[PDB]
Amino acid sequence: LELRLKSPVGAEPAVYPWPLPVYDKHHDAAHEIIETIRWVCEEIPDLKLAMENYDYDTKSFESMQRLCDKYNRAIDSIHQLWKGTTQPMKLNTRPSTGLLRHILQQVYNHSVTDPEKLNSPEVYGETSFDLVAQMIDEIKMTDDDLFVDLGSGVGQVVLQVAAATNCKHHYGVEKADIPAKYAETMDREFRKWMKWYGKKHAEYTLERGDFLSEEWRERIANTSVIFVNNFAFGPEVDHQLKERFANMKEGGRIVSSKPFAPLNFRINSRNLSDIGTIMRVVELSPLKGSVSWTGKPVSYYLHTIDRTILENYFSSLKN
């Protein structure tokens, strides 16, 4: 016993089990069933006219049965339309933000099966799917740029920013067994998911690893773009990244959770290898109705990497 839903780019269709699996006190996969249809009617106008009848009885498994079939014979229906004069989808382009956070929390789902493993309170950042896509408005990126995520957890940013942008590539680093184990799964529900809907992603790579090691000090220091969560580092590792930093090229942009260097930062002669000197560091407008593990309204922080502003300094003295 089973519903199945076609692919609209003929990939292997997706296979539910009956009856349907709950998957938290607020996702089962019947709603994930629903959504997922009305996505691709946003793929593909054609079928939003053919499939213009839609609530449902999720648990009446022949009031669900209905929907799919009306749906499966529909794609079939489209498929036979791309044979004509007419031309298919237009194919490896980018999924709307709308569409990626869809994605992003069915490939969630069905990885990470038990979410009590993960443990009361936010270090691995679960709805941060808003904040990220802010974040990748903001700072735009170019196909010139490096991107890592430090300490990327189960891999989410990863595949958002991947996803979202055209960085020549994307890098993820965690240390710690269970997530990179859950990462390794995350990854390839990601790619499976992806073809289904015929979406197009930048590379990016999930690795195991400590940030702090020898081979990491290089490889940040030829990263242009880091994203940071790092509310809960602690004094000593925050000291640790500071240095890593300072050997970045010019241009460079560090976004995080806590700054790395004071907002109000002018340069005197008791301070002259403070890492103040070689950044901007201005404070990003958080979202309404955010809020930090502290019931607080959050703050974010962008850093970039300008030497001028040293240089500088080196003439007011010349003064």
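Numbering follows the first chain given and starts at 1. The term rigid core refers to the most C-alpha atoms you can superpose between the two forms while keeping them within 1.5 Å. Compared with the form deposited in another entry:
- Taking the core as reference between these two forms, the lone member of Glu207, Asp130, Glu184, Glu126 whose Cα moves by 2 Å or more is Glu126.
- Annotation for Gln65: C-alpha shift under 2 angstroms between these two forms, rigid core superposed.
- When the rigid core is held fixed, the Cα atom of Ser290 travels 2 angstroms or more between these two forms.
- Superposition on the rigid core between these two forms places the CA atom of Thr304 less than 2 Å from its counterpart.
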Second form
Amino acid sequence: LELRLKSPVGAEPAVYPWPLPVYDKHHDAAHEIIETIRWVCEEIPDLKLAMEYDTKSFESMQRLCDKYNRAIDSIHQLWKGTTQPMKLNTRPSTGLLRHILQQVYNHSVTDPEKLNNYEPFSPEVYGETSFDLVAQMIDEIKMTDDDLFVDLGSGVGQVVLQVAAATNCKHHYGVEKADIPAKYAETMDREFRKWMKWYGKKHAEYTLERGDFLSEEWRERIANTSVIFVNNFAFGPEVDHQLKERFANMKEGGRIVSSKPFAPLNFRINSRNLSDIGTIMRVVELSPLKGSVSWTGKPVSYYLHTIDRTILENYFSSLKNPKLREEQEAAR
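Form deposited in one PDB entry done, so how does the form deposited in another entry look?
Shown below: the chain alone.
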């Protein structure tokens, strides 16, 4: 006994055995099926029109699947007529992408318990993943095809995949040091590509790698990245310090988005702090997403750092000008 869902673009059908597997306490294949149908119906209005359940009854679930499959066949017949078929070159909506990543994770991370010891993957937010927060980041931070993107410490790769699905960066990378998450990343990658093809959706190029971002090789790679995401909230002093030294080699207009700032928000340059990272970057607290919950109980905010050496330039200009020099020397 089994259930099948046809792909809206003619990829091979999704096939689930009956009884439908359970993935964890809040996820199972029955609701994966229901949500797939719901999202294919958002992809294709005509299907939504044609569509109007006991998830423990094989007959109830077979009837839903049959109704979806017959509607997909009719839509495919419609597209052989004069109706234009669904555009094949598009990015997924945030809602669809959320479903896709959950589906990819369901099928990739076989034993969620093996991951526990590499926690936290989302230390900045109580009770949810970074997904909704990253979806905001992505809309605030303009990225283009000149950009290279990296998630430093990428886990099973979920944030890299989300950004690659939504943006035009030339390449997206994840780097992950631990064996278990890195190995799950390899499956996440194959599953993601499979499911994105199944929905008829495109993503930018990406690569998930094994490695330590504090290594010597990564030194020059960080220097040549234009957009770095790093979830550093729970990092200690020495790692944050080591990262600051890597960032000091980034090019002007390079950006770092993090869960804890790497410099104070109102850094004031003076003769004792001249070599601190604050001398070369604007730092701002981004708008928090309403509804998200931080450790304080308030909405979570991320931190945007933009490499901008005009701050340092202006300090040196001011040291050359006796009036400006006396003012500076006055305060401090």
